[PDB]
Amino acid sequence: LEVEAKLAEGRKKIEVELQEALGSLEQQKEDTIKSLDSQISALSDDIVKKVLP
Amino acid sequence: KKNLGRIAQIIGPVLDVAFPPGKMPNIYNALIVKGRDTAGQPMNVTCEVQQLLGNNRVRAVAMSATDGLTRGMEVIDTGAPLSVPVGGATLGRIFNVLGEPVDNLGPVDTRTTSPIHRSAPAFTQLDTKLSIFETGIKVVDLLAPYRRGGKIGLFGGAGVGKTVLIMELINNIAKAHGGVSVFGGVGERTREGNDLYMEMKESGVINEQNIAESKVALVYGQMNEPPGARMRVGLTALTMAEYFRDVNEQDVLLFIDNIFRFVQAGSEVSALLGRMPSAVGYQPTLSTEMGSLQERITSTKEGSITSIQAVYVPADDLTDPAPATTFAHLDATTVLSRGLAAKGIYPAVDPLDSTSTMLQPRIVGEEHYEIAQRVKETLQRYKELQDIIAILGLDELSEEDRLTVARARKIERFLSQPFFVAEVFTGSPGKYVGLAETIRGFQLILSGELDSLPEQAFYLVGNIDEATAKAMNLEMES
Amino acid sequence: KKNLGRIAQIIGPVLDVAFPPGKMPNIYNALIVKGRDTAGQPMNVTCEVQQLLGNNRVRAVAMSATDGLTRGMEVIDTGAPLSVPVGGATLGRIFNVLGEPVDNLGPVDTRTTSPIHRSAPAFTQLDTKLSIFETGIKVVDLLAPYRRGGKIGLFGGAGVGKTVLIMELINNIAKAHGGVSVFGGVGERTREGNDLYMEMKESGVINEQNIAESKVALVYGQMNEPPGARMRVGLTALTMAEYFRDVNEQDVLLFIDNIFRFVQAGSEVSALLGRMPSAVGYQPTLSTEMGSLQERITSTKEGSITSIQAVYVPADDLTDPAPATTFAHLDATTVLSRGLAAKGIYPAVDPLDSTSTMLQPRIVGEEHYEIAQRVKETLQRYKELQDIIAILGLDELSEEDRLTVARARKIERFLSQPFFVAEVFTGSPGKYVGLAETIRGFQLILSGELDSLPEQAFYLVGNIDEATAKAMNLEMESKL
Amino acid sequence: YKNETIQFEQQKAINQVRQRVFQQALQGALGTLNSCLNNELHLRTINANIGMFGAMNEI
Amino acid sequence: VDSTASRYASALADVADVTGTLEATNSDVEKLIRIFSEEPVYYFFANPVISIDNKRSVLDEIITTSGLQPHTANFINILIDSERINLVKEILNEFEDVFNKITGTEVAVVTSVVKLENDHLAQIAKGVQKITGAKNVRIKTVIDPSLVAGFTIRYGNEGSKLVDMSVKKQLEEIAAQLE
Amino acid sequence: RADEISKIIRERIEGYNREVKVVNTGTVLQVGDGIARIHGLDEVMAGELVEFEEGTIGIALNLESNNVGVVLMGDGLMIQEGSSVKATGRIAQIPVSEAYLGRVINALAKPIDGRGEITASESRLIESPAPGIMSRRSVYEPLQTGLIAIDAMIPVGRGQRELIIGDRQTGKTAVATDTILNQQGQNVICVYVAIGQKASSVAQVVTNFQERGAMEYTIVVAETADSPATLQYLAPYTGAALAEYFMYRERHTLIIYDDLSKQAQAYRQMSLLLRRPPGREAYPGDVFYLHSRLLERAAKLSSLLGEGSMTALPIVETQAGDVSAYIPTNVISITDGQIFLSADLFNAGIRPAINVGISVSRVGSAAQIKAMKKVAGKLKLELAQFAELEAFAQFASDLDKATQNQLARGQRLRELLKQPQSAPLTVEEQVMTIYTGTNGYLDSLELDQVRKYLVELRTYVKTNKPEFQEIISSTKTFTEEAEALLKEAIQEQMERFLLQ
Amino acid sequence: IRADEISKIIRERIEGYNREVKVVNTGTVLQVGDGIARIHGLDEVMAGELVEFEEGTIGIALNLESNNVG
Ligand SMILES: Nc1ncnc2c1ncn2[C@@H]1O[C@H](COP(=O)(O)OP(=O)(O)OP(=O)(O)O)[C@@H](O)[C@H]1O
Ligand SMILES: Nc1ncnc2c1ncn2[C@@H]1O[C@H](COP(=O)(O)OP(=O)(O)OP(=O)(O)O)[C@@H](O)[C@H]1O
Ligand SMILES: CC(C)C[C@@H]1NC(=O)[C@H](C)N(C)C(=O)CNC(=O)/C(=C/c2ccccc2)N(C)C1=O
Ligand SMILES: Nc1ncnc2c1ncn2[C@@H]1O[C@H](COP(=O)(O)OP(=O)(O)O)[C@@H](O)[C@H]1O
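Residue numbers (full-length UniProt numbering), protein chains in the order written: chain C, 168 to 220; chain B, 17 to 494; chain V, 17 to 496; chain H, 124 to 182; chain A, 71 to 249; chain R, 5 to 504; chain Y, 4 to 73.
Bear in mind the hints are in silico, worked out from the structure with no lab data behind them.
Computed spacing ranges between beta-carbons, pair by pair:
#, chain 1, residue 1, chain 2, residue 2, range
1, Y, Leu65, V, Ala228, 50 to 58 Å
2, R, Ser477, B, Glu471, 56 to 64 Å
3, B, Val263, R, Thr463, 50 to 58 Å
4, V, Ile48, R, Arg16, 42 to 50 Å
Note that the Cβ used here is the ideal one computed from N, Cα and C, for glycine as well.
Using the sequences and the hints given, assemble the complete structure.
Set out below in structure tokens:
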């Protein structure tokens, strides 16, 4: 009985911690893409001149 | 300017459309023929590009009648697949294959349209939450529990009770169901359709005033609509259901009745389109046309579609390719038999053959699992002894054999339930009996407390104590 | 060879190739398509002209995988039906359809060759001696004796034991037979081919250490190969054995397996070549195809081809056309029944369905004929009273009825035998049984001297003395 | 698992924005390339490439 | 190709080959194409309801007026007799490429933004001959503005085999970074 | 850091402008329901991939006289008539590497798990030749499944194609899944191929794998019912390619086609859409060759190839218990013995529902260890004989003590073979169980206490005496020593059971 | 894609078309495989008449068709 209740609770906890970690990785990834958007403005500057052979 | 072309050949629903060299439409682009009738221009004739015949012409099938189209009429191409209105506006209405309202009321707001051919959800957008769901049918809740978000099939012949069974499932579940239902009828009786609409109005589900709050949307391509229509009414109903699921993130019910008419419509279409026939008469793309429907139904992370699809088995032959291909798709199949219906045990589901995937102990509980397996055991033993007892009689069996036979009779009769939509045939009220009564009643039956009881008292009773009371009433009839 | 044709259509293994107007190959003339392997090197694939269809176009099937070929490649008409190395050069060697060596040793001594397609012997050549040889198997040598210098056919569904029974017939007959054997494998699992190869390796019959001392030459038309090889390897092994019988005039053994894979590949290729379908799915050229094979496999005055071949029947049904056409060409037939296979009675030779032409009084001895007749009669009485029993109970039969029922079940048990090669399947070692031993044991069984011994004592037992010993051991185990 | 998954997916997002910026580079390339007189320069370049095609013909 | 049209065209052209009236019937069918190109000519000659008698009559009048080879007028009457007249345009079209495969005249399609000089035409023609192995090459003139700056010349039995550098370079350097 | 990778990219594109190679390219005449004819392409090989302008992979199968028959690997919607199609110069290659372990992938060896693309160096042909006669050796290793019936009576050895045939809902997928997830500590490579199955059913299998831990060493090449016919047809070949890449590199492999009848249906569809003529039941003539070219790439390679191995457990489906059907008879002819799963035995409580009477194993006792061979050589024959006798001993009313004792021991043997779900039995437990049964100890106690006494006996030996485990593992032979230990254990635990 | 149109019979018809004449003296071999043969000409042959090719291989005219003889 004790392991049943506590393990239901434990698997619930594991899945909701999975969802929290997922949200955190999502927000971090989006921030990195925006910083990359600034870096890639610099990239857009330094590409078009060489793209023409 | 939408490109325009001429009609080359008309042979049944096949419409051969010649187009300019430049812009031939893609597959499934709804070709709208201008259309001419007795007087006036019925633009209603809508097709679907199915092939590219080469030499700047294409082949399409007609979602309406073709009698009246003459050679040299023009076509327009809408550049997109045939779209249908969706959303809150479509809640509480009757529709066509063309997304055209039939319910004798105003039009629908075309703000959010959805094409019919939308690719299935990917592998990351599934859900593996195994879950039971009771319906109040003793046998359905016991021997083959139903699943949430997953398909269910009422395999059976004709006249054995698929429509009555699905109507009773409607009245049980949908009335208290916490989301939306989408009843889509792929080629069933227009009388059944009208009567269902009448019940939806009498009970008030589609509120005649305030039609926006109705939680039920109907799509009807009946048994007289052309095979071009009865092959895509299903897809229309499915697009409505999956729009609800994808956007509003709800639990949707989708009652298809019944997909074999869709399969047969496909057969009649392909035979005229000139493909080489596969087994006995079907199209070669049968598994693919089946899956292209069955796979856009599955429950996703945002919403869940628990569709109950009746399936019609031709000539009582489960070996036929259409049921033998739908079995691979459905989760829990309820095989209605004709023998049980003849001997009167209604509903006439076959307790052995009706097999689920959710009937697992780590899903349902070991007590339910044990009692279900024991019922299947005793019924299997009876089915085995049936051949011997046909010739001889119950007189010449052993002691355990006679005990198992008597228990089997009592089981197969206790497995019956009077329905709320069967009161016009039995006269006995409906009897809703959930799993809490079901498991205990069968536990008593396979324990043997009711061994001294007669058999006829379990016939058409909900509760096990209802059967006991009727038994004491049978002994009260001396 | 001079004339150069261009590949025009390839629908899988069907190659329609166009030639210059005047130089058109003959039917069955081999074609060498100049291919190109995926590494850029050429890939020579052989073909065989099946049908001249006009417009300078012939239809040739591919003996090898066509994947990688293209339209417009070169082809060259070698003018001859497929030439296979023949003679003593091929002894102890593993081959393919084209006579190529695939045992991965030195190439074959190309000195002698012979075209695969040829004609049957005339009506004069037919050798007529009706004489049986002993195979060591009880049910075989009692109810369906095999005809030396004849044809023996085995029927059965898949998983019943005809491959293993050919293995058994090999292990008994082949090595002791002073003559030369040839094993033809038509549509055979690579596992079973390799098993045969390594078992004959260990058994010394090939004598690897000194090649060209062997007595067996192996051909292998495997199952992975396209329909051309499965159509031609039976004829290949036949042409080898035919050289052996004619030029070397020594008694040959020809194990063909299967014979139905021949007609399988035939029906596969037929629909594409332009023919209309026959019955259940076979080709129109069925009876003449199997006749062309069988009437070439025969015994003449010079040499005698004793040929065992297994006919795999589909779905256990003997009404299929290819089994139906084999029966008329096979002298002594033995059908395996999935029922006898299920009840563990192995070998599962159906005693009532299987018949032989050798089982005649004058041919095999009066007492042997009569004992065979009594075995058949008793088993038939059992299988007739079967359902009478099954619905009445056993008590309500007469004394004679119950007696013959018990003795028939005892015969049915005794017809089983531990095989040398089936040791892996049973667990007990094999038992070669002599014909006289079989006859005597069945005389005892029908006369009823063992008529209180347990049934399971007659199970997996060679001789009746071994059966009595087993009964005594069980009688000890019972009280102990 | 989610850590390595988001690492892979972030790399794919870098690939995505790379695709988009390189699309912009190609559009600006075509915009500058719309010079018809430079096409004639590209025509003499493609004459040199006809010479190179003769070289490949030799190969 | 086993197209029945190609069968008849091959028969006609091969009769022309074994006689020596090759160009004389080449011009003949070259004009027959433009005869049948106008629709009522083909419709009249093809629809079977019209009597074969007056069909042949009008065909003989056209023979006399426009001028046809003996064997070629014979061949057209052979078609009108054996009822392949639904395939007349197709036969006249397959005659062209069967005669080209007879003379080894590999007709090639070169495609650029603007016209090239006949010096470039001779360059590409000699290149196509040294890759093909033909007896002769006749280059067709085309312009394709969908190309940006380059040439994509076609050869082979059909226009199957192709070499190209205008926008193939664009999409192939697309795919490198879009790996 | 963001720009320097684009720097290497631009030094690439400077050296990457154009390379003049002659590509075969013709036009498109017919496009319908996955099948598209081609005009031209006179130099495209048989089976060579093509590229439609949209970017759709294809395969050219029918090289007809005028046109080319090209099947589509994908949808056929965006393809336009008259557009160009370009030959690729490759033949059905598949990128393969060790990274695939743990990935659910499409038939194009592309991931659908959302874990980003798989890095692969080598590329192997979808259609590949089989190892020759001399390039294999006989089967001698055992492949452990975990079920007592399968691993005792009808053994499956490493490199034996064993067909799991059976009706619907009889436990075929469960048998294959248990065979897979039993392999955690045996160092094999599993490959689960699903052809024409529910996306959700595939997801259930994958989640079960992920929670049981068997995902580390397992690829799941899955296709759903919406997948095009060419993809459903080529799925098992790609799975077999992934398997063969390890099989050659001295690994041990296990692949499960589940199921084959859906692939045969996909090939029937694509052949009937290529307008080829149909044979019996509208199948093309060569579905036999179709299945054989796939299955006969399972083998136990010789010593001069590293003794690699690949065992195929293909699953088929008898519609309505009929083995006489065309595809079932073909596959029971092709494979190396089969395993029949009967719905009647599933109903009547005998799980797994292994109908032994029509089950076979062509490798035989050569796929067991010496211990289980010594304890159960005659087991399948005697169990078949006892099935006969128990079937026959009801016609006769009265019987003697010897027949009744054989009958009772046969029923105890039937109680032995019952095996629950996801409960694997190691070889030690299997040997001791077969011993305790076949000797004749179990006849005294009754059929309801059989299973529980077996559980208690196994727990008792595992607690008390680990030298039985040690013997059966290290020595692999059922020595008189281990037999004496096991008999002591049976006696002691039988007395204790009588007490309890 | 039709029988009797072999691109050589058309050639000889182009050579000698003038009017429709008998051919029963001669007959070419158009298609031959698996024991049959289609023969153009023999316009006066009877149904069942033993026809004889080169090399002495006899035949029988069973299926007389539009322009050929099976
Ligand atoms: N609980 C019940 N009691 C008595 N009769 C029943 C019951 N359920 C179903 N039936 C019988 O079923 C018959 C009609 O079955 P139903 O229309 O539901 O199936 P169907 O004919 O297959 O439907 P469809 O053809 O539209 O799929 C009625 O005649 C009715 O007598
Ligand atoms: N040994 C066992 N003990 C208990 N239950 C079992 C056992 N073996 C199988 N089952 C049950 O049988 C059911 C069906 O198994 P499975 O999923 O293999 O069906 P299936 O044959 O794959 O059906 P389909 O082929 O249509 O997918 C499962 O729900 C499983 O719980
Ligand atoms: C007498 C009825 C059947 C008229 C037909 N109508 C139909 O069958 C239905 C209404 N369909 C599908 C049409 O729109 C017309 N095409 C036909 O199928 C048909 C079918 C048909 C075949 C043979 C005889 C008569 C009709 N049209 C000819 C029709 O107009
Ligand atoms: N004499 C025998 N005793 C016991 N089993 C046998 C015997 N012969 C064959 N078998 C069984 O038959 C199975 C396959 O037989 P096989 O020879 O392959 O028949 P087929 O070739 O028709 O499939 C083997 O696994 C083996 O166990």
